[PDB]
Amino acid sequence: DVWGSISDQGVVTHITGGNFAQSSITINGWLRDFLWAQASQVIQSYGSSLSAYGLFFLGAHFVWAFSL
Amino acid sequence: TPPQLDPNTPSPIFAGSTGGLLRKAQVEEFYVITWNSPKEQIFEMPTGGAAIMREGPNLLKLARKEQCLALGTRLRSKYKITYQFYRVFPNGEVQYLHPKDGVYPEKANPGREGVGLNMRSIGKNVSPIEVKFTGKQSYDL
Amino acid sequence: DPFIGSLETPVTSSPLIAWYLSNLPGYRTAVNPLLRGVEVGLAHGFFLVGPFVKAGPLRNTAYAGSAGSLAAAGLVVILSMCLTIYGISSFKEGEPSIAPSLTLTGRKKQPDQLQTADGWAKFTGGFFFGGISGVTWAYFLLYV
Amino acid sequence: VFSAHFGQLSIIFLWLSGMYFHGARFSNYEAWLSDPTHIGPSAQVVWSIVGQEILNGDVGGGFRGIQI
Amino acid sequence: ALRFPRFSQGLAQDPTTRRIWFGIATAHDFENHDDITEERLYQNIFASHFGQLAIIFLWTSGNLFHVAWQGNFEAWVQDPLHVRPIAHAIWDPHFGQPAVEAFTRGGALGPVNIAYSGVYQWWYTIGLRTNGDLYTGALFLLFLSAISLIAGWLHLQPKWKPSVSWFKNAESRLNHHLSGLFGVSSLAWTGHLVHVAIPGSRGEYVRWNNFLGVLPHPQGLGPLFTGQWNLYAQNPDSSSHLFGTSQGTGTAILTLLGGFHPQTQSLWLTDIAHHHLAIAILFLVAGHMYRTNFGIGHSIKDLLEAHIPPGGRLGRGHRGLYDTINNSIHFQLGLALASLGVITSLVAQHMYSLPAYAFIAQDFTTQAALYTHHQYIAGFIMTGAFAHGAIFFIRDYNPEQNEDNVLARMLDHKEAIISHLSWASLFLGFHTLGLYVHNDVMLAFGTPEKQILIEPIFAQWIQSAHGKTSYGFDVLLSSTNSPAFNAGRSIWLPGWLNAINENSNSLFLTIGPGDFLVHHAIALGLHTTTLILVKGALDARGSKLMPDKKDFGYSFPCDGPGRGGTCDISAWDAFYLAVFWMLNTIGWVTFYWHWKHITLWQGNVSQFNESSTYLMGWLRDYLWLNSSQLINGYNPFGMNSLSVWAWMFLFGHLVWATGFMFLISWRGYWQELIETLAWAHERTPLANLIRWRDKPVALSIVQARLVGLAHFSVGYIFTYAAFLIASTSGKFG
Amino acid sequence: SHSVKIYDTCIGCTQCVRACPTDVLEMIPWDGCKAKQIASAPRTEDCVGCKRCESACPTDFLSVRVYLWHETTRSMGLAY
Amino acid sequence: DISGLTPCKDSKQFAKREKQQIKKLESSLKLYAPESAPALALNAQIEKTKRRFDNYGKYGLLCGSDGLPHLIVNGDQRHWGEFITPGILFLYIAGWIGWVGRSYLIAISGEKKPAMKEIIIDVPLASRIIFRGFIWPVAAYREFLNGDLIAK
Ligand code: CLA
Ligand code: CLA
Ligand code: CLA
Ligand code: CLA
Ligand code: CLA
Ligand SMILES: CC1=C(/C=C/C(C)=C/C=C/C(C)=C/C=C/C=C(C)/C=C/C=C(C)/C=C/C2=C(C)CCCC2(C)C)C(C)(C)CCC1
Ligand code: SF4
Ligand code: SF4
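Chains as they are written, first to last, in the entry's author numbering: chain A, 615 to 682; chain B, 64 to 204; chain C, 130 to 273; chain D, 70 to 137; chain E, 2 to 734; chain F, 2 to 81; chain G, 68 to 219.
Misleading hints may appear alongside valid ones.
What the hints assert, rightly or not - Far from chain E, by Cβ distances over 10 Å, these chain F residues were calculated: (1) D9; (2) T10; (3) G13; (4) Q16; (5) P30; (6) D32; (7) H71; (8) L79.
To be verified - With a straight-line cut-off of 20 Å between C-alpha atoms, the simulated SDA-like cross-links for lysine to any residue are: (9) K180(G) - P191(G); (10) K87(B) - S666(E); (11) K87(B) - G254(C); (12) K35(F) - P70(B); (13) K302(E) - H319(E).
If you're looking for bench data, these hints aren't it; they were derived computationally from the structure.
Using N, Cα and C, we set each Cβ at its ideal position, and we do this for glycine too.
Here chain A stands alone, though its shape is the one from the complex:
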């Protein structure tokens, strides 16, 4: 609802296009439009400068299971 970009004409385009007001009222929306959609960058970061983050995204998971 806040962050985004503005063209020269004066229109504002948000990062996710204002889907919070209609998709965040159900658990399936929280799982699909937030966890599934926004995790594309972290899992596809291999071979780039962000790859380290991706490795952490795995490592922490392991530690969590270890706690059990």
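Following the hints, put chains B, C, D, E, F and G with the ligands in place on chain A, whose structure we already have.
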């Protein structure tokens, strides 16, 4: 020792709380603890909060035996005071509970009958197969 | 008694609260349980009629209120069942009442007969009749 | 307690000094100052031992490093 | 004796609510009921067996009746590859209009469910083509269930009640089970296959009203009795045969062709009949070994006692084992459970590489569901086997009668077994995790060529020994000239090699570096689960921390905070801990199978060949990629037929999380909360008129552990089933 | 009521009697030890199962053993 | 050659992978000025990649169909250096470490309170013990022959 009686002993000064007696006391049983204090002092109740014990004989009503024993052991450890507690039933029967022989259990006393003694090592018990299909247990033999 | 698990507060012990609670049908000891149960059922059914017709699945159609009314009646029936079994497992045929015998002051008073097989049976019957009557009255008043 | 407080203060001061030294030596602060909008801040540089040099991303301003 | 638990007074005396909770829990432990004898226990077991048989028959009859009444069998049999089978209809007052319009599938006129059980193909293969046949089968199964119930009631009566000496007759029971239960049944199945199923496959119809006027073979029974059996294998079905029609058929009824039918991609029916005939003959021959009232045969006791090696390397040998096995029923239960688990795993591994039903290979969802179901069942059975073995050690073991036999020596050196199992588990886990992490880091840094990839040469050599020419070796069956090849070429390899050298089927799929690590992970899981169960079974009678564990029983909470604290000290806790490892291992196996088969079906095998060597590939190319269609069951815009599965998906997750609540939080907090709630209920007005009859208390320790385990397992199973079915059915490829 | 048993390996150090919170165990004269005494558990019906007596007992294995058994109002620690 | 594998110098996917890596490096290299240090670092990276690929081609590994090298643990004489020799080296090192640790434990077992020696190591004794591991196989073999290896 001959059991005593608690006819009309007063009670300590307490303001009341929600940790007191419940329906079990009216239905099943409750406990009464009596002691004697040489001076007026403040102690801590097992149910939460602090109370003041009047000089002389004091009486208190509790719900379980564990609370009575905890209060009595605190009194003996800190104030050096002798105490005794009974159990009271709905029909009016009063049963003497604390020291039955007149002496504390930690002190050996002649004339005491032994219960639950097994004259063998703990590893001499029979296997559970030997006591199968019978109402007894291996440790009972 | 400071050694009883209860405290005295302005809310729990006030003349207004005491009078209002003692005048409720659930605390009238002298009255036979049927007349109290009738009033209790009437009030409960009249209250229960509303939400079913206001938030039911068919609340937007023309049938809505009627359907809702029916649902309310059904609930009453279930509640009546939840009463009947509670009697059967609680009170025997020949045992006397188990209500407290003495009042707060200390005066001896007759125990309530509501905690008895016949008393509870009368209470449940009156509750069922009053609930049905109240549901019918609420439906008639709302949609006539 | 007093001595432990003094030791904690010393550790905090050491951490602040380290942060300032990293900002001074290995950073693109001067390049970011002129064009703050189009340059990403960076104050850490990774060695070139194993192959971790891919972690030196193109933050901007003629510098390669980890974006802070 | 007077409350609900009439079989236990001790549980009926306490006034709390646990009297209810334990009352359901100990209803089937016949050895714990007071005033119990051997006769009553055996008779109750017999009656329970009869009831179980009746329930199974009723379930099968209900399935058949629903398929007949609300299915499309007659529409499905005509075009098997272009019709979706229907299980049963859907009636739901909560359904909206879009759901009603979207759940209508197939030729049905209303909402229906698609049957992934795979019974349509099974019933089509054996010769059912009409609804009347299904109705008749349902009626017969209902009659069988009624007969089973009647028999149970009859044998619970005093006049027909058997004695204990009857239940302990091992030789007669073994002879009868080996001769009549296994051999006669196979002979009858061979007769059915020859008489009904095969003519149905060739376009003819043979039923009860005309099966005496139709000859299964034109020659008759003459060749069988005279000796020329080869006359029954003269004219096999041609390669252009179409199932269910009289085009390109044959007359042979017993063959050894091998391979698969070209159109249906399934085994030939004549091969199945021949296999059943041979199996029945072998069982009938072998069911005559043990002695009975006729004065000839073997005695099992002498057979066991005679096997003691000279030199005393095995102690006293097998002396006293016969009485130990016969007197204890937990030993028998453990052996039967182990055998059944092995058999179930074998069935799961075999039914996907050598299918026996028509048009089932092209139905992918059925294959995946059947494999996952059977593997999970086998895992549970294998866990139960060790559980009952530990129970046997606790209860029915006599140290004096088993002096210096194999069981005593097994109990003698538990430390070496446990230490070696721990070493193997540590080795496998360490190295598998290290290799996976190294490959993941190498991929992360952008240099895939530095991976550690090791070829599974042993398995590839074994595959090449069967006649696979995708690697290069020419060993045994692969070489053109060899004793084995020349010996077998005339009969079964002409079809076997053709079937095994095709790339479409699942027979001996090609393997590479990606299967090595998964196989080692499976081995690690097996080793760790075996270590846990073996330690639990062996340390049941006692240890150094508690040398009198056998006195307390099989299940008990703990032994107090003394001696440093003793939690999870019983063997029930060992089974409890091994359940998690069993679930994890089965999950790994199912993940591997599903990913490999879905990549094979989708048309590209390079994805698995490349992305399965590191764990980020598993996380990205398997779960995240395939969940896109499943999570879109319902959206703000609308919904489709997958919606229900999506719901179930989320449902499973919830249950899983709920298990955690019972698995970390413990009893004292909840007991204090319950006390506070009881005070609150007692003090309030207008609600103190209602009073409870059983005092509310918090759950016990073992009860809470069991509840948490049940929640965990239910969530696991439901979530994986929903994901697998939705992902496999969204694409149908 | 749980079952409390005492074996003859006891040396009469009186720790178990002091550790009990519900006055279950006491001491009686005996003959086969230096301390000339041994413990006993007459008031078995008052046992709760805390196993403090086993916590305070010096021996190779405990000379006092508690086996959990049929529960009641007293052994469940209920005050309501 | 073995199990349908291709020598890594012959395979084309290896050269394709090298080309992709070089192009990916040059794509980032094109941004910076020729005299800038990042250009020198990227040129060094390119040279390292070329040297690594040349060495992998020289060593005679077998890439598969995907173009990545594979390891053979059969024991074939042509591929002993992939597994067997590092295995022998690792076994030697591990035996050294284990022998040194066991020798130190046995040496400190004599004293009255070995626990204080375990929590606070003594350096001269450990330094004397450490260098005896260079001959650990011979000592272990002789102790096994005598019978001092296994406790009784
Ligand atoms: C020859 C006659 C005979 C026969 C037929 C049986 C048969 C049976 N007895 Mg036995 N019994 C006999 C003699 C006989 N008995 C004698 C003389 C004694 C006295 C010593 C006993 C003592 C006895 C006892 C004490 C008990 C039995 C029980 C049973 C039943 C076992 C449960 C079951 O149904 O297994 C079904 C078995 C099979 C289907 C056989 C094959 C099993 C393998 C694992 C399957 C092969 C898989 C194959 C691919 C199948 C595919 C399925 C398809 C859908 C694709 C079964 C009805 C038990 C019972 O249940 O009582 C009701 C019982 O408690 N028997
Ligand atoms: C072949 C059949 C078989 C048989 C006859 C037995 C027989 C026996 N078992 Mg064994 N067992 C088996 C297989 C078998 N077991 C398997 C496969 C396992 C592994 C899971 C075990 C593990 C096992 C354990 C761990 C124990 C036994 C014990 C016992 C005895 C007690 C029975 C009882 O108390 O249950 C009555 C129990 C219940 C009615 C309550 C539990 C029901 C579960 C939690 C249901 C799961 C919930 C459901 C699926 C939810 C659906 C929700 C929906 C959304 C899907 C009994 C003699 C007990 C023993 O002490 O023996 C002396 C014991 O502790 N068994
Ligand atoms: C996914 C998380 C997880 C993991 C990794 C493990 C791991 C293990 N389990 Mg556990 N377990 C778990 C969850 C987990 N468990 C759960 C949920 C339960 C149910 C309660 C159990 C119950 C359980 C039982 C009942 C048993 C085990 C046993 C084992 C061991 C098996 C042997 C082996 O594989 O060694 C391989 C070793 C490893 C993978 C350990 C990790 C090594 C780390 C990554 C390396 C450290 C290096 C690095 C420098 C770290 C520095 C730290 C930094 C601060 C400096 C192993 C330690 C078995 C056992 O103990 O065998 C001896 C056993 O009997 N587990
Ligand atoms: C430690 C136990 C262990 C276990 C349980 C397994 C388990 C498994 N292996 Mg693995 N494997 C191991 C160690 C182990 N492996 C080792 C050390 C190697 C050499 C790198 C391999 C290489 C390997 C190959 C090449 C293949 C398997 C496959 C398999 C599966 C089939 C069994 C087999 O083929 O027999 C192989 C059994 C062994 C070689 C026994 C090893 C046991 C000793 C004690 C290990 C330690 C020895 C030591 C390191 C060797 C000397 C060093 C040398 C340098 C001188 C099965 C899942 C096969 C498969 O099915 O793949 C799909 C297959 O193709 N394994
Ligand atoms: C002092 C050297 C030492 C030695 C010779 C051994 C020897 C052995 N270990 Mg033990 N172990 C040790 C230390 C040692 N251990 C330590 C410190 C731990 C706690 C982490 C363990 C925990 C352990 C487990 C859990 C297991 C063994 C097992 C084994 C046996 C099989 C080998 C193996 O599996 O390695 C396994 C090795 C490890 C898990 C780690 C040990 C390596 C550590 C990091 C180094 C020890 C070096 C030491 C600090 C040197 C100090 C001396 C210096 C001051 C001069 C073998 C008897 C296995 C077994 O029982 O087989 C029968 C097994 O299951 N060990
Ligand atoms: C606890 C216990 C118990 C239990 C146990 C168990 C549960 C076990 C299991 C076990 C198992 C589970 C086992 C298994 C095994 C297996 C095997 C042993 C196999 C084998 C195989 C083979 C030998 C093969 C061969 C071959 C081949 C390879 C190919 C083809 C040809 C042939 C066939 C030759 C009991 C009850 C006893 C009691 C005591 C205790
Ligand atoms: S378990 Fe607790 S209450 Fe029972 S005898 Fe021991 S110390 Fe006393
Ligand atoms: S603590 Fe143990 S040894 Fe001491 S008196 Fe009690 S039972 Fe005897």
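Hint by hint, here is what the structure shows:
1. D9: Per Cβ check, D9(F) is outside 10 Å of chain E; nearest 16 Å; holds.
2. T10: holds, 13 Å
3. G13: Fine: 20 Å to the nearest Cβ keeps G13(F) off the interface.
4. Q16: holds, 12 Å
5. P30: Given that every Cβ of chain E is farther than 10 Å from that of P30(F), nearest at about 28 Å, it holds.
6. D32: holds, 26 Å
7. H71: violated, 4 Å
8. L79: violated, 6 Å
9. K180(G) - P191(G): Holds: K180(G) and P191(G) sit about 18 Å apart, inside 20 Å.
10. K87(B) - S666(E): Roughly 29 Å between the alpha carbons, so the hint for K87(B) and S666(E) is violated.
11. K87(B) - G254(C): Answer violated: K87(B) to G254(C) is near 32 Å, above 20 Å.
12. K35(F) - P70(B): With Cα atoms ~45 Å apart, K35(F) and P70(B) exceed 20 Å; violated.
13. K302(E) - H319(E): Answer holds: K302(E) to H319(E) is near 9 Å, not above 20 Å.
When the structure is compared with the earlier hints, violations turn up for hints 7, 8, 10, 11 and 12 and for no others.
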